[PDB]
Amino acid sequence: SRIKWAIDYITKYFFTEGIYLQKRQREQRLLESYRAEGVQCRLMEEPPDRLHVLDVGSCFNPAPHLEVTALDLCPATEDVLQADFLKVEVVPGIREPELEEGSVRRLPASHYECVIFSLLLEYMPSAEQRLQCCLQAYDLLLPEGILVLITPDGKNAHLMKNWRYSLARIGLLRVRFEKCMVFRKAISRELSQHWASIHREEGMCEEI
């Protein structure tokens, strides 16, 4: 199912395969590549024994080592917090959701190792609001955290496949695609932005 894949990938990324260090190396080699041709990096400390995971877009909630917080506009069960993800304020200095009158008002910034969008993008009315969802995700994620996008099989699923330029400009780089899509918060946004800069022609070809 859709839940198993994300959990498996999360486990591989932080613990069993060390993909977070594989992609840290890919990005370090890339930044040195640019540095030799003429930057502040933010890395993650060793992954915690208990990951912090935010699931958005599931009306149902889907453990040791896993602290899952689920949010949706239209929750089916009390186990999912009611929220409009686009209006939630992502702010530092807190670690737990802040609720006013039964709705989430603030979520912790730079707190989650993983944000899962469980069809969230399929609900959005525009390309603009899909991008905004990703901007929220980026602010929620710790350095080197992952955004996991879901669409079980519009004519094509909205996985931001053709949006690596705009996502790179925000700081997110694609790290996996399986017919599920995963983006990573890069060690440096300036790095990701420059990569976007060098592929501007190809990126403008896909995003217009």
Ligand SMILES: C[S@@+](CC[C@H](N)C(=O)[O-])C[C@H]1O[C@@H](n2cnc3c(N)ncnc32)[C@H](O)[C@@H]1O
Given for the second form:
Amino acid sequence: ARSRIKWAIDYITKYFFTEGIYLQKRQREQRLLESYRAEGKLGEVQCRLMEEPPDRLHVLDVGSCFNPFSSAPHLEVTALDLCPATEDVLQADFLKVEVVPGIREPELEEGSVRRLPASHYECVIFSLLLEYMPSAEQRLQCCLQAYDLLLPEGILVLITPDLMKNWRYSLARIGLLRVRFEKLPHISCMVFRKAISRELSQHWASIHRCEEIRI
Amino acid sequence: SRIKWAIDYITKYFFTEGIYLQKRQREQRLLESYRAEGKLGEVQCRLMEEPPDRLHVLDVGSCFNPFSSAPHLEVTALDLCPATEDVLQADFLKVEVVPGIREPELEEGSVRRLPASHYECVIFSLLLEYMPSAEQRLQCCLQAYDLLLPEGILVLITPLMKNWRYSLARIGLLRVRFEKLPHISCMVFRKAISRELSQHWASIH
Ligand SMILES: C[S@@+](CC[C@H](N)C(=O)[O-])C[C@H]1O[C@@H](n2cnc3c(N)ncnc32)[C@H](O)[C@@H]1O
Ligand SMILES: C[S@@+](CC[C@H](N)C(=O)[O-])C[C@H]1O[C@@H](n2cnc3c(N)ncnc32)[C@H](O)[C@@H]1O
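Return the structure block for the form solved in complex with S-adenosylmethionine (SAM); the form solved without S-adenosylmethionine (SAM) was the one displayed.
After this comes the whole thing, all chains and molecules, with the earlier chain placed first.
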């Protein structure tokens, strides 16, 4: 049985470096936009693309007990947790974090992370986190902040314990298109991409229809 | 419910329906129309960037912070007599909209300064009647305008509404939505691309 931590490091390496899945998904999303445009249902939209990935990806791991991903090569990880188990993990309630443009590092007040940089992370990781959230409204809030935190074409890694088609509609409704789904032992591993255009992903969701993340 | 009505509209204005981009088109149509009549020329037109997935909402008169539950809404809740702990204490009339700052600056537990052009939405839900003077009612509405980003919306729930449109248009706010709910009147006013455009519309209206 393979680890979710290895599965995620493997995809992030394929998506940005070894296989360039960020470029394959870009070419597709551009094709869907041309198609929608030619059916008259979308038209002009804003498109933002990612530059060549850096040699060190900025990864945000929210709900990290330990820092599983810190040692991975080419991953500069910022680890946040409500009840950290290791000292390298920052204390934070993600639900109470502001996504601030114009900054780069977490800003802490009274030991807790209160502010994170917007459009800064090539990857945000929610490994077995959303299930703790009290309501479905707060699960979608976590995903919405992640979207604000991701760079264009960045990826949100979502690992849930043992509706996905709703999680796919609900996330495309906010600008996140799924790019991978695999069933590992006792867990479902997903990746959602920050599409080149939110309007495009939102349109895909409209055609493919609950607007929250339930359990 | 007025809280469900507002959350629904804000989502349609910024995300689901793009009313902010439709009302932009409507206002650039009206400006080029004035310009054709020589009643307005080149003018300062300010547009909004693509709204974040988490919007900055200011709830003035927030008694218990009902909007902090909306997923799209990061709410900074103010109230002269907070009924909940998540709500900051403040007398909006004694608060200054300050350009440069980025967060609310408090003094002795009361909010005294707020960031200008920082919020996509400001909410006056049944507040402007608990204000004494009609010049303080406008002061609230004038600080909302300064707190709002280009093309942001001011939600206004009320317990003449034509003279209300004109008075708010004179300060740069043109209405975009109106619906009657049980016992209240729900309104939304947008910060037009140009204040001079909005003021022009009010003079003609
Ligand atoms: C699945 S477990 C531990 C992480 C797991 N080893 C993984 O693969 O990421 C749940 C984690 O989510 C954290 N958590 C729950 N709510 C949180 C919140 N509001 N902000 C940050 N972390 C939170 C818990 O503290 C806990 O560390
Ligand atoms: C009828 S309540 C509206 C509360 C909430 N918006 C709602 O939907 O029920 C009037 C609110 O405006 C507040 N208020 C009155 N004057 C204020 C002022 N000068 N600054 C801030 N809040 C004020 C009151 O404390 C009260 O919470």
